[PDB]
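Asker: Here is what each chain is made of, one letter per residue.
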Amino acid sequence: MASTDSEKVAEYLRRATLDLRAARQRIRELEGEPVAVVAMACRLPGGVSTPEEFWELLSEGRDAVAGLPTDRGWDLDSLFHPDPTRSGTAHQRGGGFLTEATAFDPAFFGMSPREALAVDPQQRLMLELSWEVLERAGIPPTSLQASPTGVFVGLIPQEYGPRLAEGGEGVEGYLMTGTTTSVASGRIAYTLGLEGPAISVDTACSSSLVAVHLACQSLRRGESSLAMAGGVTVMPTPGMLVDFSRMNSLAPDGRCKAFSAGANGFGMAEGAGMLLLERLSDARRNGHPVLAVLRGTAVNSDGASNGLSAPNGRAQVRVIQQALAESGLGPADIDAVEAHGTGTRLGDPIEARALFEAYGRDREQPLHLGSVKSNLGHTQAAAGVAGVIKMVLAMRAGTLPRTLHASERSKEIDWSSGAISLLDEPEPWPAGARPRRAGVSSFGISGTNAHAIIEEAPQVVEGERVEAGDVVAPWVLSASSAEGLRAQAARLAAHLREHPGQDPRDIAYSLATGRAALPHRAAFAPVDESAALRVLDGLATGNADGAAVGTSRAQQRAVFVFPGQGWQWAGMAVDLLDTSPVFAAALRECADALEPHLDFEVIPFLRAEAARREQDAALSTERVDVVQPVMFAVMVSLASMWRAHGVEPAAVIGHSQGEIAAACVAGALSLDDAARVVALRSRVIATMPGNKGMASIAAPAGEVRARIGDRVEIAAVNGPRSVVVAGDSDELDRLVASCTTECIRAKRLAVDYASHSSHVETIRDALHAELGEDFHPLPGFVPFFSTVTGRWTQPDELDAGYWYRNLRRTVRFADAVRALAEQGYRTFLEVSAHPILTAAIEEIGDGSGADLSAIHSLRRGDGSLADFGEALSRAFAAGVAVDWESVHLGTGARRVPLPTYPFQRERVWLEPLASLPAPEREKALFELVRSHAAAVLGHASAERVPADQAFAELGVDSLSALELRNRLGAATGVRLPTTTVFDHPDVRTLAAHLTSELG
Amino acid sequence: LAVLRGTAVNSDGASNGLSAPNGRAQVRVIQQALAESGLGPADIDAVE
Amino acid sequence: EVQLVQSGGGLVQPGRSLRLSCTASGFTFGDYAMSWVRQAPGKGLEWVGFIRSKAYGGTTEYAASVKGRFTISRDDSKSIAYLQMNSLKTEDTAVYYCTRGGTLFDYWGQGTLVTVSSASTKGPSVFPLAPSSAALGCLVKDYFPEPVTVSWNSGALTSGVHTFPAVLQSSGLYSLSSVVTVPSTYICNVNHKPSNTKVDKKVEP
Amino acid sequence: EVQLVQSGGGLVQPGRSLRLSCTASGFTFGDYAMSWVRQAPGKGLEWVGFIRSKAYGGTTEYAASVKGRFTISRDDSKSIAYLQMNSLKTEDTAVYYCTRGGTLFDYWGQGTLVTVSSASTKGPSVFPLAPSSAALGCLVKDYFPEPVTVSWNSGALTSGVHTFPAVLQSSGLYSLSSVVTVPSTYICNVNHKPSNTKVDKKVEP
Amino acid sequence: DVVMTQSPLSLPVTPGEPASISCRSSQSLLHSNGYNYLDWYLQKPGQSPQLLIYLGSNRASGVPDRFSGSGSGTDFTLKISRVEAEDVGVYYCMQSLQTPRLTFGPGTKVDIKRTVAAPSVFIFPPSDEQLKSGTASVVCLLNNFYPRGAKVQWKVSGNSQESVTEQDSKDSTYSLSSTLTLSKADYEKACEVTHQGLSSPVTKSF
Ligand SMILES: *P(=O)(O)OCC(C)(C)[C@H](O)C(=O)NCCC(=O)NCCS
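Chains as they are written, first to last, in the numbering used here: chain A, 1 to 999; chain B, 1001 to 1048; chain C, 2001 to 2205; chain D, 3001 to 3205; chain E, 4001 to 4206.
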């Protein structure tokens, strides 16, 4: 039996123990789960616009207090009067103020220029910080759609434009949507599609830190897997400079003399900070970069203090101690407190006593006391987060910063203990045995005192491997404007010329996985850091040298077209096989599928030249029975590579023998099945090697339809000026002889068989005999457009009869791709060794609908991995949504800090009928609709508003949409439907519909 | 007087306008508050 | 985390030997007592055997039916548990489960489908099911082993399509009959994987 | 919550009988094994005995020295545990702890101070401690039992005042010396509670 | 002897409902320890089983709170406070008093509950192309019926083989195949059910 009462109750014990070991790590991850700070964003006083720019303002001791802003239209004259009690005057003669908060990029988001004018400068600087903190983390900001991601923004209600009661001249419906902190967290979750809790925090000088507390909580509860915490205090008005002066609290110099005897007020500054918070387990499991770790944050109130504004000591001690208790740490653990340091000779005394009580009472080493407001100024709701960026930069650089204007230690504070040393000099603060911890404090004017604990990120990042690879991963970048496209290559060139030695695959991985796909794409496959910074120096000016550039809005899914004959060179795929493992494996698989039916192994054939066969008295790839299997093999291998690099087909087009590849890659037939088909076919297609042959020519279809005769009739329609005719030697030579003198050239391809005619049925006996019923038709994986019927048909229609029928009637390749554009798909990849008929589909798109994008894999005499990298580059630049977690699935690539989006900022500040003549009418209504659009869009420059951009990405929300439809219902005098903005998403579509509604 | 068994807060996400409501983001706020209180859709008699 | 990854599937005839290997990852292997449990087709669990923990003697205890033949062994150094199946009779055609406890079967691993049949590998003999006057169906019977997939209208019809589970005859073959219920002509294809035999049939009453 | 409330203090002379009652509240009394653990003055714990759980068999086991005389009993219906202290000795002059497990003493209850002495109840004989030339102190010795409180300056001086713990002489009395350390006259009062004998003394060298 | 246990083999559950599955044991599973020695297990449809509850009442780690266990020494009860698709399958009642463990018992067959369905009885005579190889199988389809408590009789039985099927999502019903494999001569000589959807036996022949 079971060894009574010794192998069960000991077996039940290990589970009442291990479940307990699992039900306690749940409490410890529900309450003391150390959350990581994934990325940093900051727009701080001075020139600070990025977290790395804040360090050389903080490490070399630069004060950001310069002067009051002049961009904002401030009075600046009634702000200063000798009488200190005059209503309307401010006491501080400066302060650290943002020089870029006045400007914004409206067209970047789904925001109208008028709406962005109505947007609070806080809410317009917060969206950019959100985009930066997402692009800094290697997380595509457009990849977080309908995902749990909380937004926690600390804010200060600030007066902006005219009274809501008085409305405005253009800002009538959007003025609330700016001057409400409500949408100051919802707008960010709306533009980025974040689904997690969009919460705005308002506790004044502690808001952001209080905010991060909430975000921390939302991580330690699991409500949101990710959070974007922080706070902003951007001042569009001098109002509280006038009002803080009435209580006599502003420093006349505007400088936060934290813990100094020369302090004469708490100063003021405007700024903004944002933290990307994720729990450590999720941060490391997902691979998100962990800068530092918020371990424990506490939020408390001052209680019944000496007024609402005066701080409280016991409450501050209580919140600082509660942060340590909730973080599981003690006073000694914190190596460098960075407390509020308001700047006044009243708040600093009280708060230093609280620091000495919570920390200095039991200290082993002198606590390094600092204050970010000394370098920046009191940023209010941006204070509490700004100190967090300080410390995180301190631990990512291993140095404790200075506290400016702190040489004269305050005489009202007892520093005789020595447990607190004010950071007046840069103290080396290196990584060691002790986990490097510290603590940020923020005590708001509302009385809410809050404290967060920041530990250094556990140094487990070390251990990465090193290697080298021949894969030239594309350096892909994208922006919302052409100028931004030229600015995202200049800033990247600046970063790779000022931060040299960063390995190219790391840069490609960070640019590819970490940057959103925006509708102006530049992509190039670099070979060196000198051939890349040269392309980045030509892309900054607009010259497309060694790169691919494309505007590809509303384009996400690609079509795989399969050309037939045309690359008689066939000296390409040797390099691809020799350099690409996938082409060295898929080719082997399809060859070993071809070998049981056609003994020719494509491997000896591969390693050779284009003139190899010519030396053995044989034309370049002319033997049908030997050639058709090799195009099929190279073709299916190229398609397998394209699907292995993340590009999956949407539709499939097979010109002549691309139907076999449609069978194979789309899942309709297996590798063996489709190989068997082309093998058995090649032998019953090489049985007609007499006078037969085709002659591709740009001769017009409506005239060759009269030229049909002498056995030479159309076999394929590859475009408007592209016709493949097939016949015997009756009209063969005379076609060239009688056409070449009239600027029309007959491209007589070196072929010996005719297809898509009445001659294939001469082998109908053998074609139905030497094909067999074994490649049973199966519903595959990709939709396919038949080139025998010219229609989108089932994936299960595919037998020997289908192969006969395809080689029987006209291909109608032009019709197939016209229906392609019609079904919603706009991009096609010419998988082949050389892209014959590349301009044919550009001709198709030129004379019908919109222009199509001709992506090709490789060219004639171009088969190295550099050319395939250029293929991926031109695919991305032309709108193809490449998967960059597959190109960089493994190459020894790691995330690297890169410059964020270059927001093309423009100053947006709010201060307190045609009788059917011709298609000239089409373009006249077009211009009319555009002008009424860029007058309800607040585009003061009516000049242009992108034609390919939707009515939901130019900020055409209700107000804009409704007034637009009313303007059109008056100018054109029509009855546009109520949901017209949804019926016609584009100004192109709207104009076409309106000019089509003439009767 | 009454017990608040569970609550949920959930952004509308990328809606069709800032003030426009989301039809599939409300379903996740009323189910997150339904999976956080440990109750089911049939237990709530009335909805304010 | 913890995993009990399994291996040891294949083909055996009545009177042969087989090996079932269980690799435990996540905890210390020596103090848990390994057990093997079996899943007879059509019903739940039946326990095959259990070996004591290494420090608890490491003695074994199987069921009277599989006493001796089904040897249970283990090892910490390479952290592996062996079920050596000996003379698998045709009643050993079952899904075996590596359990993480003599009396407390915790993880259950994944489950290895061990087959013990005397039949061979040939394609199906598709016979139609003519409607009485209704539903339209077709048989699959006379096939072995069990990879199988039968759709109607060749993957075009999915509502009302319902393929029956395998049925084992006393002669060691497998039985399926796929039928759709919709008024009307319908086509059914069966793909036999191991021998790659696809048979297609159209049905009228 | 759980409590192990105790009772059974009093006065006993060498060779008498006493009862220690432990009432458990919070969980089922029958499946825990009661134990009695005793803290000799000046040191930690010493286990006296334990009875097995009712369903285990209620098998009592004491220490070899206290085996037989002491009787451990229990009961679920009124949920009470008895420690029959028969023939008490000088080793029983100790604190006693009701522990909630034979081999897992969980709650420990509160602790009953059982005294076994042959002395009587009289007030202290306060003798001064004249400084050598410094600290000023006075004795408390010749008192019993142990309620005690000695302050200096009659509760006016508290810094440097430090009263020593009780010391047990072989004759069964208790010893305290209270001391102050401050340069100089000082007055010390001792209150003996059971007989209410307050003695006051002023000290000079 | 052995503690042989019974359970409600065919207990139905519906979404949004609390369910009460039980087990009854012949002897007392309450050991002298005071702890009940019963285990609750869940087998998912076509997946590995999992340990829901041990020692009568307590969870296993990773098992959702929606299962709770209780009961006395003989009677044991698991309540599912809120049933979902993951709470469907087979529930095993395991005694830990005596281990040899020959079988896991009949097991509680848990299904998503709808109203009583209408059993569709369809007789399919074997095809003439079945009769060339010496075999024959007339098939009695039982379609869209609930619960799976219907036996099929073959008159005018003993050669019937059993095919019970998967219960679905949109319909949550059952299908049944009583396969009557047959031989040459005895074909030249009808199926009906007693399912609770109807009362009178509906008999239709080939
Ligand atoms: P447009 O047709 O989107 O109109 C904008 C308004 C605000 C009119 C929108 O239609 C609307 O009514 N939204 C309803 C507001 C909402 O989602 N919740 C109510 C919060 S007050």
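Calculated directly from the structure, the hints in this document are not laboratory data.
Be a bit skeptical, because a hint or two may be false.
To be verified - Distance windows between CB atoms, simulated:
id : chain 1 : residue 1 : chain 2 : residue 2 : range
1  : E       : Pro4064   : A       : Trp792    : 22 to 28 Å
2  : A       : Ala146    : C       : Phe2027   : 34 to 40 Å
3  : E       : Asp4171   : C       : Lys2202   : 55 to 61 Å
4  : B       : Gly1038   : D       : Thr3071   : 47 to 53 Å
5  : A       : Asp774    : E       : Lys4184   : 32 to 38 Å
6  : A       : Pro689    : E       : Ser4183   : 45 to 51 Å
7  : A       : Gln459    : C       : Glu2001   : 54 to 60 Å
8  : A       : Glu885    : D       : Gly3026   : 28 to 34 Å
9  : A       : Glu462    : E       : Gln4098   : 39 to 45 Å
All C-beta atoms in this analysis are idealised placements derived from N, C-alpha and C, irrespective of residue type, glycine included.
Asker: Are the hints correct? Go through all of them and say.
Answerer: Now the hints, each set against the structure:
no., hint, result
1, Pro4064(E) <-> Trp792(A): 22 to 28 Å, "violated (46 Å)"
2, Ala146(A) <-> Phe2027(C): 34 to 40 Å, "holds (38 Å)"
3, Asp4171(E) <-> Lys2202(C): 55 to 61 Å, "violated (27 Å)"
4, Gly1038(B) <-> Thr3071(D): 47 to 53 Å, "holds (50 Å)"
5, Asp774(A) <-> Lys4184(E): 32 to 38 Å, "holds (34 Å)"
6, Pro689(A) <-> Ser4183(E): 45 to 51 Å, "violated (60 Å)"
7, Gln459(A) <-> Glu2001(C): 54 to 60 Å, "violated (24 Å)"
8, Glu885(A) <-> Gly3026(D): 28 to 34 Å, "violated (56 Å)"
9, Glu462(A) <-> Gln4098(E): 39 to 45 Å, "violated (55 Å)"
Violation of the numbered hints given earlier is confined to hints 1, 3, 6, 7, 8 and 9; the remaining hints are satisfied by the structure.
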